[PDB]
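J.: Based on the sequences and whatever the hints tell you, model everything.
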Amino acid sequence: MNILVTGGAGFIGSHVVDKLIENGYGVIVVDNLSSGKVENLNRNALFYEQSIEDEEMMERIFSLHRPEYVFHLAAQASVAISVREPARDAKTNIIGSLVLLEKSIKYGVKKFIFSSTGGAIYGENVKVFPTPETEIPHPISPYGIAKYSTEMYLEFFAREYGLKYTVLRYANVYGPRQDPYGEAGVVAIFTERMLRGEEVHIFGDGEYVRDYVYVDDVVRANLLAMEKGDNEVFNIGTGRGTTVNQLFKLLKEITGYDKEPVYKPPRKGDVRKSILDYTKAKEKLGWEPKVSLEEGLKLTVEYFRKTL
Amino acid sequence: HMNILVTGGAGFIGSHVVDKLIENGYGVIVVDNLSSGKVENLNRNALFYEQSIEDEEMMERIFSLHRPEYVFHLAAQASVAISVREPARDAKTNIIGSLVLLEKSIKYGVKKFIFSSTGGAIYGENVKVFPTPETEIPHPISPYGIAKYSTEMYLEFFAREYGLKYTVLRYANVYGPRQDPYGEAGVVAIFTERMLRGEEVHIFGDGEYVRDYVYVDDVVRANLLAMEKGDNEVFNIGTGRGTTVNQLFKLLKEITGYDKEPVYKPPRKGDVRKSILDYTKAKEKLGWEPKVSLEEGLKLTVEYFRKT
Ligand SMILES: NC(=O)c1ccc[n+]([C@@H]2O[C@H](COP(=O)([O-])OP(=O)(O)OC[C@H]3O[C@@H](n4cnc5c(N)ncnc54)[C@H](O)[C@@H]3O)[C@@H](O)[C@H]2O)c1
Ligand SMILES: NC(=O)c1ccc[n+]([C@@H]2O[C@H](COP(=O)([O-])OP(=O)(O)OC[C@H]3O[C@@H](n4cnc5c(N)ncnc54)[C@H](O)[C@@H]3O)[C@@H](O)[C@H]2O)c1
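Here the protein sequences come in this chain order: A and B. If you use my numbering, the first sequence corresponds to residues 1 to 308, in order. If you use my numbering, the second sequence corresponds to residues 1 to 308, in order.
It is worth saying that the hints were derived from the structure and are not from the lab. There could be a bad hint or two in this list.
[Stated by the list, open to error] If you anchor each label on the Cβ, the simulated ranges turn out as follows:
hint, chain 1, residue 1, chain 2, residue 2, range
1, B, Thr308, A, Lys127, 24 to 34 Å
2, B, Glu40, A, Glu55, 27 to 37 Å
3, A, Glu49, B, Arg44, 45 to 55 Å
4, B, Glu125, A, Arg60, 30 to 40 Å
5, B, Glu60, A, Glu295, 47 to 57 Å
6, A, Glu49, B, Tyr304, 28 to 38 Å
7, A, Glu288, B, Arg160, 28 to 38 Å
The beta-carbon is built from N, C-alpha and C at its ideal position, and this holds for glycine as well.
T.: Encoded structure:
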């Protein structure tokens, strides 16, 4: 069986590719290497260094390989970049998604599994925590708006053509191979600086709460979504909130760092609190996180140590 | 003379907005790629660039040179049927194009951005409350509706991020002189042209689809009122009265003196059953209400088509 993974040279995408290759699937990867890395690529997967926005190239790839599943992880996934360049962000995040969906219909993809966001989608005025999928989205960043837009388009393709889909709204994803710019980029920033004995900056009062989910658990959610959760949106998170101050403290103890953080003015657009309810994924996908924040951070620190 | 930019100014509604601004003494720049607009609609007193709103380099030149104080953004792919067949192309004009304009608007100090949106394609297919207020949760089912709603969310981002003031005008079914047969009230032009030529007229399904028909001159007045009032607000612009396709046929038959019965065709996929907009908020905050009754507006429309 052929499977297409977009964004497969990236952080989460390369872990998804590895797992699929392990399980014996034929994997085709499309990635333009804008933020992904050649070193992340699996030598067993077929690789096209192309952009998902390129209609003629996507036409070619789908026509040759007719993937039965598409795991769509390719995105401009830095919130700050989306703010500085909203049109460019949307070209990748919305238009690129639409190109893939148009080809998916034309070439009979069975199911499309979309990586979306929980933290950037619910908005800044949520009252229910941990937050369920029944809360109406109110995204405030171009990245979150783009992701929500694409979720609506997915429902259109399902209604119009019968395409099956699953949307996975990840919480803050961290672990080996992550760069410092994604939704949990702070894990990498803190880890690399602490291991190098450099100064660490915290924005505002550090009391911003996030839901940190380990990459291996996110990968498992993707694979469970192959045969379960048709035409459903799922939060993928831990339901446990951690402040930046708490995260700093945990990484400090693990790394042996012995300096205090330096507090800086708050950044624009920083949502105060994000914690996801994964009850739905538990009930319908059979998914629960297996890796505690303590264990995940130790595995992450170990990866960065080896890099040094 | 204050400079104003009107995108889509060669189109149906946009050309009337241009005429009114010129009549009121403004300097008007028009950007239109004539994909659905017509040179014969263009006001010769406006400065016309035959360009695409998605063209970042060209929009940079236009905004840099003219520094418009207001932008009336009417350029769109506005056929629902085309959006269903070509969602990626629709989104490039509707979302990416809007984002290019907004990026330039922020850079060059635009004071207010007035956006043409849609009531009918935004509220979706399961509305229970009529006439429908802006508090109704959007559930768009066509790519056009999704794109419009996405752009509304982006407008809120630019306002929060940079202090750009905006107004969103969600039109009902707009009809009148210069309309083509493809827009949301395309039926009026279709019925009128065919009745004047004594040709067969087709009614889809049972003809019981209800729409809220608003005359173009009234829509133009809402655009002008939004220059000084309604900062950062979304407004339905409609009449609050519903008309079936069968009743529209009867009215136009009477006016044109058409002497035949309609021919019924199968129902269209995705035709929402009923759309009627509550304009109370616009009445209160913009001071807007329709001045042209449906009977009066249809007569004026028939007059235009006769001459033409
Ligand atoms: N990291 C998180 O915390 C987090 C949270 C919520 C959602 N997500 C989502 O998960 C997915 C993966 O995120 P990530 O953290 O691994 O980021 P990533 O940057 O490492 O992965 C994205 C990959 O997509 C590629 N890419 C970007 N634009 C492309 C284009 N036009 N054509 C082809 N390839 C393109 C990049 O090169 C990159 O390899 C994304 O959809 C992202 O939005 C991530
Ligand atoms: N019943 C209606 O007509 C109705 C209802 C609700 C909303 N609206 C909205 O009102 C606006 C005007 O609609 P209209 O009925 O006058 O349609 P229209 O097609 O006559 O006007 C649109 C204009 O935009 C131009 N255009 C399209 N793509 C462009 C691009 N990439 N760059 C520059 N110009 C481009 C077209 O050439 C055209 O002249 C649209 O935003 C539409 O969505 C219309």
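J.: Does each hint fit the structure? Answer for all of them.
T.: Okay, the hints, checked on the actual structure:
1. B:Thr308 with A:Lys127: 24 to 34 Å: For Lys127 of chain A against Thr308 of chain B, whose Cβ atoms are near 56 Å apart, the range 24 to 34 Å is violated.
2. B:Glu40 with A:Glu55: 27 to 37 Å: 33 Å, holds
3. A:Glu49 with B:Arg44: 45 to 55 Å: 50 Å, holds
4. B:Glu125 with A:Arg60: 30 to 40 Å: 37 Å, holds
5. B:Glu60 with A:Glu295: 47 to 57 Å: For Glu60 of chain B and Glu295 of chain A the Cβ distance comes to about 50 Å; the hint holds.
6. A:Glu49 with B:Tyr304: 28 to 38 Å: 55 Å, violated
7. A:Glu288 with B:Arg160: 28 to 38 Å: Holds, at about 36 Å.
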